[PDB]
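*Asks:* One letter stands for each residue in the lines below.
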Amino acid sequence: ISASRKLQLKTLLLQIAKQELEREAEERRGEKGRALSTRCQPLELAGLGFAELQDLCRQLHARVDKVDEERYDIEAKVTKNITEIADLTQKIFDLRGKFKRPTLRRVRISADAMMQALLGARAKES
Amino acid sequence: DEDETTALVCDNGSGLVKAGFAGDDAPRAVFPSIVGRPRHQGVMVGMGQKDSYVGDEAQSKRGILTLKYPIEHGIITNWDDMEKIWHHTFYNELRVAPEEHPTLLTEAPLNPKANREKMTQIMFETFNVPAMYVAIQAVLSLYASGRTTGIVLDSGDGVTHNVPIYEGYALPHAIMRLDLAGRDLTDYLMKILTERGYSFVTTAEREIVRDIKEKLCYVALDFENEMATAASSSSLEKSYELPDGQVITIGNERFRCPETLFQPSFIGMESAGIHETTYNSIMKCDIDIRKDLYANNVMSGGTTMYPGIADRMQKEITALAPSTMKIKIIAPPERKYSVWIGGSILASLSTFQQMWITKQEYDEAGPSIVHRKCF
Amino acid sequence: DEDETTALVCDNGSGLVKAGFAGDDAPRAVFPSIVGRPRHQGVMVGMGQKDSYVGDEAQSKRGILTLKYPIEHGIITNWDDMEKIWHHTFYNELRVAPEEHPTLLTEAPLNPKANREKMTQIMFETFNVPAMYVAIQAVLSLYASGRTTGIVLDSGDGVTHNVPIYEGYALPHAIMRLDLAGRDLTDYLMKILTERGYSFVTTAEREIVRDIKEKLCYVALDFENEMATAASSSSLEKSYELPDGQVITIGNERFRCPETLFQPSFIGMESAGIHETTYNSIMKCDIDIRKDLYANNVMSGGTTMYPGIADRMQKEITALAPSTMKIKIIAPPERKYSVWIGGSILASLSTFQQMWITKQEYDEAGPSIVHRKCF
Amino acid sequence: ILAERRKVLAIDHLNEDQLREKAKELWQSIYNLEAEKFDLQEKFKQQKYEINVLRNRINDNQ
Amino acid sequence: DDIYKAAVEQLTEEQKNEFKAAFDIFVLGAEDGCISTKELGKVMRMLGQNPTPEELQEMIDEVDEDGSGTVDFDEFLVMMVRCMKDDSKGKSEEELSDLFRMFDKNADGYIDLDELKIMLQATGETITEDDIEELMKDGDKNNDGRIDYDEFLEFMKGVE
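These protein sequence lines are chains U, F, H, T and V, in that order.
Here the authors' numbering = 1-based position in the first sequence + 40.
Just so you know, the authors' numbering puts 91 at position 91 of the second sequence, and the rest follows in order with no gaps.
Just so you know, the authors' numbering puts 112 at position 112 of the third sequence, and the rest follows in order with no gaps.
Here the authors' numbering = 1-based position in the fourth sequence + 210.
Here the authors' numbering = 1-based position in the fifth sequence + 1.
Mixed in with the good hints there might be a few duds.
Below, simulated EDC-like cross-link-like pairs (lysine to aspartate or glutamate); rule was C-alpha separation at most 16 Å, straight line [unchecked claim]: (1) V:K106 - T:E252; (2) U:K117 - H:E361; (3) U:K164 - V:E19; (4) T:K234 - U:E84; (5) T:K234 - U:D95; (6) T:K253 - U:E115.
By construction, these hints were calculated from the structure, which means they are not laboratory data.
The following block holds chain U by itself, in its conformation from the complex:
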């Protein structure tokens, strides 16, 4: 088509697709930061008794230990599926890609560059 319509389309389209990812993500990171401020909630202080205070230090401490363990598990499995991304990706990609590197032509040098090297100063508005 005489489709400047299509050009501004597709910029806007990859825009809106990353934007649906982004609304996906606004929901996600809301939950993220929300759970952040809560999962350890800025705590309350005035007038308390010392035994309870050391109990709470120890408590939040073991909570570090435990939350560490737990997010670490989410990591380990994320990592397993990450290796899986590596491997499904890489290995299906073996079934499924690998000349995605095209005929990598360096005659696709900076083409404007070799152009200019052969033309001179006639290239000013672009």
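Could you slot chains F, H, T and V onto chain U? The hints should help.
*Replies:* Just chains F, H, T and V now, with coordinates in the frame of chain U:
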């Protein structure tokens, strides 16, 4: 000429050096592994002239030069001459040099290790390369060919390596190296052309017979039937133009030269030929490997440009091979250039960026480092 | 992912692993009990390549792999390899994560503790299965076979169990662990085929002989007259196509191999063979039990698929057995898959829902719990 | 690793300011590990998603 | 085609006139009113040259989408003008995958129609169900109405 520090690639044989930069699918120029020297006493002055000539200079002024080749059967015996050829290759004609670029070299798996040690020292100390890697020619042929598996006949100028590779791994126990290559085929041709009344002895003559072979010769699928006619009729003869306007007419010699690949006994070699040699590289591998190597006979290097080679090889292997099994041959247009091309592919692969020896590791270990870091 | 939190069932023998979910009538997939590892040096780069391959990957890529079996005559000795086989089984073929489902594993009770303890531990600690149950092979075979009473002959790859059961009860004093199995039959065949001019000594070769055995061999009800002819005539030889297109023919050796089960001296074993061992298990049971076991010899496991085996066993037992009495063999099509089928049946019984170890009882007690909760 | 997923817990000899420091630095380090948990879940969600893709192309090849 | 029109929306036409001037300087080299194979040869060995023959025979046979069969005048012009580099953002793998998430909102690696329809409707410009017909032909390389990602990739790789 270039706007990036891309690796440079050089395929250095006893014939010519193919060279260019990584990322291309061809060398930028070819540099004959030749240093020429005058064999005559000068009389005139103010004539320019060189003390020694290299590459294409050596061939262009060859009328009064003796032309020597620094590499024998894949080994550099004269590396001072290779440094002059390389200086020209890099700084005058390709317009790139190891000084500002990492460099990949191509080699056979059983190439004497001392030869890599010396080339490694030269590129790091004479050309100041920031990094190096010496790659297997069979690997390079498989990348260029779109394969991870096959028997690669790398057909060099002075030696043919013949190494089976399966799933990207070497199967070294089945390497059938043969001391037969394009330069030996030339020797057979000049001896039979000598019998016809055209001796080729001196340098100009040596270059002509090599050129005759490259343009007139072929193998054909059936030698004996080709000869029954070629030995009986002038219709199979071709006249080649010699530099002085004279011609040489060649008959069955046109195929008898190439035939040495199938008949090494023609030059005094105790061998059954390249198809038997290929067969053994397949047949000595485990039976669950054999099927993939029979399906992947890979021709590379030079001499594979001879008409009929794909058919001659596939038919001979099929005859040697077990029945039922399908024997297939790969003989792409990227012939003779596929080793260089594979060098470009390998040098540029993202999976290979950590495989380079840096000029840190090199000086700490010295040139022998190539024996631990490359292969 | 399923329509119920059904148990997953995996029958892990020394040969192959059969797996699927409880409630089905077949395993969804079968894998060799193999973890393969490359025995070659890589030459090409960016080739992928695993440290180890499992199951069917191990067999498909076997051309350059050494293939190991983590299970030794019914005992897992390498549990890191079984964990990888299981992960593949559960996530790539069954497509179900054990975290949401109970898992049933099988063994002979004759197995010296480590197998049931480690099987229980792997599923609870590396897969986080909510529950576990290690089952008896004789139980599983009788459910699959439609019996509560009889002798289970499970002559598979590892060990022959030969355990008698009466009214659902074990008669353990009569169970004879027998070191005669399908794996030994393969080794024998490799050696006698070597005598014929076809040596089999490597991993690929061992897998070929196992395939030959499975497709070409039979036992014969009358081996003596069968060998008198088979050893005299080519008319009784069967051709087998080797992976590389070569052909091997096998004559009396075809049955000579299976015959070892009745002639264990062929592999150096001091044994009466499977027919007499079955007979002795019947004999060792009380006199009012013996008659029900004679009438109910039940085939399970592997090697029970050989032509002439149901008749060979029934006739040998009949010959050892007293007169008047009818000796009978049950040989269901659920052969070799019968332990897995029984697992599906057992896991799903309402009377077996209290037999499961939960992932609570497990952690409070540790893996030694398998000795209190399963049997 | 279990025994040491705990930081060092210093609440014995010093006064109350360092006591609350101990507790709440634990709180925030938790807080962090809480983040990492949620977000590794998130990563694993898009992970299983793009690996839904990956298993699809598996099938597309096997 | 469409790309031609957008890029001419960048700049104006008097430019094109002076181009034509440059070309009267060049336009020596049409055998057939086209600049075809022999013309590629002629105007390129004008300096003893020809494109990297991948480019050259490519133009000869392949980039003929229409059945032009040859390097038209238009096609040699195409190479010689697509020289100076200006494309934007060519969006691709990591982009297209995060996109594919809401494309294959199914969370499955196989898009359904209307997630893509929503994206289309919310781009910022025009969705011809002609072009949606295009995209069903393209995106789902399987064309099973559900798209594995790389299908959608090559369906969307490399464009503004």
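*Asks:* So which of the earlier hints does this model not fit?
*Replies:* Structure breaks hint 2 only.
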